[PDB]
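Chemist: Here's the letter readout for the chains.
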Amino acid sequence: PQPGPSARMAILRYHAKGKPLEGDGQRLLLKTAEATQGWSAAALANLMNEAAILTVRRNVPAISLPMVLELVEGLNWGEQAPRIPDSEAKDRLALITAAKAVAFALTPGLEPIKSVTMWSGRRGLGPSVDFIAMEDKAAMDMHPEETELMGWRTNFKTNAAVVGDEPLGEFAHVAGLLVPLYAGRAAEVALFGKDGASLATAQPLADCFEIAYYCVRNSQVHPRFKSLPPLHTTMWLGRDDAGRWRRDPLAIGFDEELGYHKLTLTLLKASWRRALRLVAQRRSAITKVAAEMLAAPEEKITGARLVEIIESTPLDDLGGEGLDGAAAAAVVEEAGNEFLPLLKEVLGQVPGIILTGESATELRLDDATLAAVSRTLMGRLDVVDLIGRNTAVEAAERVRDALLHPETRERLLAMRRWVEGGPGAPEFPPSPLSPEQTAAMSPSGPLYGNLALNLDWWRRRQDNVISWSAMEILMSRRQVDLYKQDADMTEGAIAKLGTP
Amino acid sequence: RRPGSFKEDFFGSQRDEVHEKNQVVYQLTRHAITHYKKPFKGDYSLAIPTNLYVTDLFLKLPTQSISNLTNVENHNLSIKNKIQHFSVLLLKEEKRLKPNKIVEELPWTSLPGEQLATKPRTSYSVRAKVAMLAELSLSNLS
Amino acid sequence: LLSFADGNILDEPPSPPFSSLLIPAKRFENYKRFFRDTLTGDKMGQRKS
Amino acid sequence: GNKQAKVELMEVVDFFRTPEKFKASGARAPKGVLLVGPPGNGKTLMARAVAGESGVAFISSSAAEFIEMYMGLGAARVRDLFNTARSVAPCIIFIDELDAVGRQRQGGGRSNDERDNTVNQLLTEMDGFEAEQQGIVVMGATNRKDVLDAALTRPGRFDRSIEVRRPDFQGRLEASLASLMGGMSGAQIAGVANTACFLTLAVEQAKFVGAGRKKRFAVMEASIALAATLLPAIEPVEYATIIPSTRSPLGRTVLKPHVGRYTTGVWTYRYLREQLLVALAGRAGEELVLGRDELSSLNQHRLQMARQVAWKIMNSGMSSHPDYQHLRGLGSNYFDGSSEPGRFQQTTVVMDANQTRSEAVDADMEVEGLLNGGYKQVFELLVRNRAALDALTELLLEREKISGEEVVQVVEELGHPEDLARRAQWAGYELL
Amino acid sequence: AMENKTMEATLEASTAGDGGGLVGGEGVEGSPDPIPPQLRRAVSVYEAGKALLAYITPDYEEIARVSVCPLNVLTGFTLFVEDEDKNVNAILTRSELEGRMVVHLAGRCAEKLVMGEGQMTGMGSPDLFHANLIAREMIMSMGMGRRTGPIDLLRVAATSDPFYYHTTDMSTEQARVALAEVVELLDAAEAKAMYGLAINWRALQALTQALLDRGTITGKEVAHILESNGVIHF
Amino acid sequence: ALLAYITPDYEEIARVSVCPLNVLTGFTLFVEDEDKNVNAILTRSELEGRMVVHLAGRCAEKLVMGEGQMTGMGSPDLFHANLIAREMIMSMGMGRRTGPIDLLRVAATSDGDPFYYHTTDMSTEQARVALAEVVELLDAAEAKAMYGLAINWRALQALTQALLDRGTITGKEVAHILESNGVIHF
Amino acid sequence: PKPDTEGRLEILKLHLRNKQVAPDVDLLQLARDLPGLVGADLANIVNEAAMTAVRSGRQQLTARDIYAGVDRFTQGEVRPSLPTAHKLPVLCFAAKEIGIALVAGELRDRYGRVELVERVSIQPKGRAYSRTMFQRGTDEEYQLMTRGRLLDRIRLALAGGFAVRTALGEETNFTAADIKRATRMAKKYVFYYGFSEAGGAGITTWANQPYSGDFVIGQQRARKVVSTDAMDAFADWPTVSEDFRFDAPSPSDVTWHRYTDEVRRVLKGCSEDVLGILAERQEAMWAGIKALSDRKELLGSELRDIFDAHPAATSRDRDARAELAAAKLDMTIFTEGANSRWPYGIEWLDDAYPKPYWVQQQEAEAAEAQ
Amino acid sequence: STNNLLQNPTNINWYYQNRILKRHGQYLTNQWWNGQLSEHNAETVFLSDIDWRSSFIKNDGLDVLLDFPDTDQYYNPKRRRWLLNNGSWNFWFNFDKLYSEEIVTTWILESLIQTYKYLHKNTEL
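Chains as they are written, first to last, in the deposited numbering: chain A, 620 to 978, 1013 to 1153; chain B, 2096 to 2098, 2113 to 2194, 2234 to 2290; chain C, 2680 to 2728; chain D, 506 to 680, 698 to 721, 736 to 743, 753 to 977; chain E, 707 to 866, 885 to 958; chain F, 757 to 866, 883 to 958; chain G, 589 to 958; chain H, 2778 to 2836, 2858 to 2923.
Treat the hints as calculated values from the structure; they're not laboratory data. Ideal Cβ placement from N, Cα and C applies to all residues, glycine included. One thing to keep in mind: the hints can contain errors.
Counterexamples of contact, computed for chain B against chain D with all Cβ distances above 10 Å [unchecked claim]:
id, residue
1, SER2174
2, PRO2247
3, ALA2282
Distance ranges between label pairs, derived from CB positions [unchecked claim]:
id, chain 1, residue 1, chain 2, residue 2, range
4, H, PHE2893, A, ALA949, 44 to 54 Å
5, G, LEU597, A, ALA700, 56 to 66 Å
6, G, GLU956, A, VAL951, 26 to 36 Å
7, A, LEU1086, F, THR932, 13 to 23 Å
8, F, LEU798, H, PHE2893, 33 to 43 Å
9, A, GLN1138, E, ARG900, 24 to 34 Å
10, B, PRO2255, A, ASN774, 25 to 35 Å
11, G, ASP882, D, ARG792, 50 to 60 Å
12, H, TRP2905, F, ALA863, 39 to 49 Å
13, A, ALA654, D, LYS528, 51 to 61 Å
14, F, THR932, E, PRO886, 48 to 58 Å
15, A, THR773, D, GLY973, 50 to 60 Å
16, F, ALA770, A, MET759, 21 to 31 Å
Could you put together the complete structure from these sequences and hints?
Modeler: Following this line, the structure appears as structure tokens:
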């Protein structure tokens, strides 16, 4: 096969004999073995030879690492290529790349940024944001799937984004990728206007929809569809010879009725508002990153310097009318992303609730109790704009119904404690609403035999009038009443449950 | 069997006088409408649509109507394939023809020359895979 | 015995078996990539490739 | 001249005849040169000069001549050529048109068996059990970078990827003139010089029409040039001509290219709207001057360009639809590797999940509104600049090739005051 | 011999792999050997209705022979002779097309009237599709639609899963209008066929009994039976 | 693993791994016996038990961590349970309302999945009736899986603690843990 | 390089340098009317003209022997004539060509874009039963397709079928080929060239640009003749480069309904104009049909004399006015008047499509706010 | 690996490696062009002997490559036969479905009822 890393080390060590290597040759061979992945033995022999063919025109007494990396780039990318000539469009491209880099660094649960450059090689490429590679994940010993581990890890910090005690779910982790893709357009819209939008920031917008469509439909971690019966609405039954896929035959109007497109649009609009807020608050940081990239020796800044700029530059006021442009002052559009005010608002309708916060019975519920029950049932607190106000209201109703029962509330608090862990975790959560009197009601001794009946005997929902639409069959009456304005239907969405 | 309306509609083509074209259309219309169950004129000809309906009716399993599903073409199916057609054995089965499959995507920074020189072009280039499929289809046609 | 052109392109020219035009197949490959990485998946049961 | 390849050729002749510094530094030898680039830039002349500088012989051969109907004859010829090379000790081996033989040894057809034999013979003569070594360099000439075999392009046989291209400004100076004939190879440069000696008319010739078609060409190009001058973000006109070329039978108006836009890809929404206007300008002016019933098929590609601009506006997230404004394109956005390296083709897939049934109608209605409102805007602009349009038409009919300064002068002396005030307001700005 | 050639041609298109029903009298699964009295009565009624309504239609192809179950085939066969010198091989008129539609719906209308609505067999399906094909070519191809008008809508895409021959890309509203016109033409043809078979009921019954007794019959005997039973012409 | 152990006539657990070599994956294997079923007759009780075992992972995730802490790792199991339910309703005629109609057939592909499905294009009424039956069946399977986890809570706690402590557990050790900490078979 | 125009004139003069030529044979018109032909076919044409003159028992006078010599190699062989039994085929394959020549003359009046008619044959000579030859105008008139030229071509297409219908009082299958040609020409009129008023300025969001002939592969060798291809492929610029092919997103069903309604409007207008012409010139059409049936082959000159000898009867006033009346078509234009905002005369659209945003903008900003 | 029941709780790495590392960590500097080139359309500029793309633009020197992108392809295989969405889900021609199903289920039920009624009286047998 092709030589591996150790084989690369051996081949470069053998072929480096007879050539002068500057400084410690072990470090040079280490770097040129890390930076020549996929190369063949003859390719390594050539790279070693071509370095010694050099240092004659340049009159260097010894072979050095920057020149070695120069030939490493040269033999697989061709010409070194010239940098982009200085212009107003070049300054705009620097601003766009700076906004994208700042939003990448401010995104929780992302890998560290290696370097953000304005000047690259090759022909059809320009500015880039390069992240750390294997040869970087080795040194700082880190799991290869650390990006996958970044969701459930707590109390960490990557680049300029910190994550506290509440972990990011899969939904929030993948929906956080929409903000760096929207930041390029958001910078131009905030700083120049609608006419300032260019083709430089058009490619990420077209992938924002597929990321959000995964987030709301395929991932099955959207809070709207977690309480549904366990039905797979996104099925495709095989591929067949000549490769012709088959949709699930029951999926008539599934995507239109379940509101997948409108939920995707809701997530995309919320992410666009978040990107506008990000560009508003970090406008000086983006300008500083663009200026430092434009005044760099290779038009390249490092990830550590980018993080230093982001943290040192103070948060700009998101107000102050236009955000170096105009009509983006809409950025002051509150936020509406926190679930606790919506839950408190819902609980206010229930008489005798007595809410205190961080302090018909009185039911003196604390902010900690509300947050624990909401994290156990809804899942997260700062994704309300991403999931939709209807989804947040349905969750608030579910959390209220769970809070009204003390046994369910205490069970939810205990399992939230076990999920969070720590010294306060009271081992495994209690019995899942089946007490010792209902669990002793049916071992292999008393009663028994009800689990021997077929699944139809466990059929807890039965309606003799099957509706014409799948949303009525899937969701409950309250769910259909709260939803179905997200459905992609003409006037069926008035002929569907809760008739006025 | 030894093997025109798409050429004149899509590729321009032409090269047929508007008199002989009209004569061909009139004769084809008469052959389609009349000449059904005729002694020798409508014997086996696949230009009569009723003969094709008879073959479908007597040799095929029903007809099946149009589905009410989305992301499908007409029935519960996707679009057709456009173009129709030790370690040594392991490599031969690993890279043999790759007809249907799905073409991978290269990075925008591409792959460094060696890794691009491995992994056959039919696996990543779309144009190369379609050209290979076209070459095989035309070779089978010729 | 009559199609109604439900879910295909309106004017799709013929392909390499009949013509030598590779444009419909070049678009069909990207269509298949779409059918892989946002629905169906590589295997039955995978949510997205 | 010869791009930057002369330093590499100096290195080749230096380690061929007097190694000295390379032997002191420990380098052994290059053993192959692969000249990549289009023909007409002296690819064989550079190797002839290298052989003359090194004082070795040159034998002219190409890979096509090895293609023989007798089996084994090409491999025998390659082996014999390398045997005579080893006998000469040293020389330089030139193989021309390697793209006709060394291409993708996968099998198929009764024409590639001997071809694969010749490629394997070349592989075992360039490398293999050491039987040549020494100071022997083999040079090949191809027009493409990597279309050959993986072993043939492997950096142990052709370990120098020396690339030549069309000459630059200093190269065309060596072989005001280079501004005119900038952008073609040295063979075409020599042909231009020979045509000029046979007669800068040769540059124009290297780079029939009746009265009605000439008038229609003049009207169309005058409308396009007038719209390009009057619209602010559209670049100023470089020149305009109605003389058809061998492949452009409608006359062309060429604008001054924007270096910043072409380098950075910053094509603003305002520029795209005014480019849609400029694309519809030819049809609008032709209709205005010659009447509706004289509308011709001359705008069949201008309409396609206008549709391209409108659908790119929709697909780039620049539309006014609230669900499409700054969020989405038309969907999917997959990419394909085009012919040249660094070039990518974009394919957009819209299937019932990236779009709803009402959103498809909304997108079609928005594109129709963009095209038709742009046509109405350009028609009103050319109606209110009718005197400038007529003057440009008669000047084009008189001269058949006008420069951008003449267009600017005609517009500024016979233009509408509102359009002139808009032009003077948005002047100076390099428009992003 | 001409009838045998036509029946052999149809049989080598309706048995190529499974077949069924069309080739009766075989002694195997989908082919009872003594063609049942109900089935042969239905075939005789079908062919008598077709022959009668081809006789009473003016300026039609004239009948050479009428046979009940040729080649033991579970359908009849009427040998129609064309006049090549009348309309060469290129001319079709609306009168000829509408008469052909009436004659092709005549057999199933006759068997529906005689045997009842529920006892109609599937041997009328090719003739029903042929009448539908004539109506479809008149509306969508020849431009004989009153509301559809002169526009080409059919673009033959057989190119040889559900086996589509015709294929159209027009909009749903235009498709609804065109198929409504096709349906109303089929309804007019069926109404005229039932009207003719109803006003010539006695002649139809006599022709049915003659076909049952004789098996095969010629054009002159058909004309003699219909004129002796007091037929009414269109 | 707990529901597969307590489900009668189910495959024996081979190995339950939770991130075996620090690789982000988790699986519960079963021995591929060549005796017994193979392909002779599929009882509706067997299919319902398989569907309950498939839904058991997400039911356990809900019942232990909560509704909002569930993730999409249970998607292949949910797909297989949905396939079993649709097969019972539309291929075997096990539904009282759809009746004995063959609307779905399986086929073997001559890589991806080793099989695909021939589908009959249904109308809206038939599709809605079959969907109502499938949803009732799946909700019933979820209820049965929840009760099977509920009556074996100490066994589930012991198996989860052993999995957290040891990572990879053999099926023999799984059976030992369940029988030692007290389990109720179905 | 095949010879043409002046080269064809030189070749015809070289092959007629020893044979007497009557002055009525226009050498320039014959050279322009035989495009793409070489000396290796013009020699045969002059040869067969000489042999036809020899077999005719006279010298090489009149243009009929020259036209027969051209026809013998452009439309090869001579089939047997149409039968005199029954009055159907002699009427149909005279009425279609008489109506085409009449509509060509009427469009030569007023507009002048339609070229003159050379001859009408109705004697079957190879793969056809009747012909109408058009005196091919000079080149540079075919290098560009105009809106009026395309409208005249659509009218000339519909003319033969509507003339057969006017003669017989009955629709035939003769309109099928004419409809097939005219629908393709109307689609090129509306979509590709953008000559219509679709959208208010004629620019649709979709157009089917023709592809090159290099994708044909088969390339059936008909050779020579060069029919209306000379007007069709000369103005069209095909794709040739798949890397730079623009096809646009396929339009939705609603906008496809609107665009095909525009195509139907163009076809209805051209059809009504053709039917009005053929209704007002019934006497000239019948005289031309009688002359065609009497003399088989006939020249465009003598047809012009016949049509001048039978002019229109000024104002038909009544009874004969009832032919001009009800000659309009009853075909439905869906988006004619009030059906051009969103329902477009569709009663089910609101039950299928949920009210697009620009539709709501049209019904709110324009409507209910004026 | 071929086990079809493996648990993958997240797919963030797929998007990070296929839409960010592969695609959106980089930028393509070839998006559009002037539209008014020296050789009619971009296809004719591309299929030309002169390298028009590389052009000496003083208005310092240099030969900055002014490139035009390939024509973007739009694949739109959407469904266009939407007929009824309010009251039931029906596409254009599904009229032969209700009658078909209400004959199939009725006939199967009648035959099963006849079989049950016959075998009800022969249980001893």
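Chemist: Work down the list of hints and note, for each, if the structure agrees.
Modeler: Quick rundown of the hints versus the structure:
1. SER2174: holds (20 Å)
2. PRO2247: holds (16 Å)
3. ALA2282: Consistent with the label, B:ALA2282 stays out of reach of chain D, its closest Cβ about 14 Å off (over 10 Å).
4. H:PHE2893 - A:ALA949: 44 to 54 Å: holds (50 Å)
5. G:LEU597 - A:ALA700: 56 to 66 Å: At roughly 60 Å between Cβ atoms, A:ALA700 and G:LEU597 fall inside 56 to 66 Å, so the hint holds.
6. G:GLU956 - A:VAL951: 26 to 36 Å: This hint holds: roughly 32 Å between Cβ atoms.
7. A:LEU1086 - F:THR932: 13 to 23 Å: holds (18 Å)
8. F:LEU798 - H:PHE2893: 33 to 43 Å: With Cβ atoms ~36 Å apart, the hint holds.
9. A:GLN1138 - E:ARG900: 24 to 34 Å: Check passed, 31 Å falls within 24 to 34 Å.
10. B:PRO2255 - A:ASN774: 25 to 35 Å: Distance hint for B:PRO2255, A:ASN774 holds at roughly 34 Å.
11. G:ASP882 - D:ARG792: 50 to 60 Å: holds (53 Å)
12. H:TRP2905 - F:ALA863: 39 to 49 Å: violated (26 Å)
13. A:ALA654 - D:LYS528: 51 to 61 Å: violated (28 Å)
14. F:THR932 - E:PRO886: 48 to 58 Å: holds (53 Å)
15. A:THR773 - D:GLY973: 50 to 60 Å: holds (55 Å)
16. F:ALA770 - A:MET759: 21 to 31 Å: Given about 37 Å between the Cβ atoms, the range is violated.
Of the hints listed earlier, those the structure fails to meet are numbers 12, 13, 16, in rising order.
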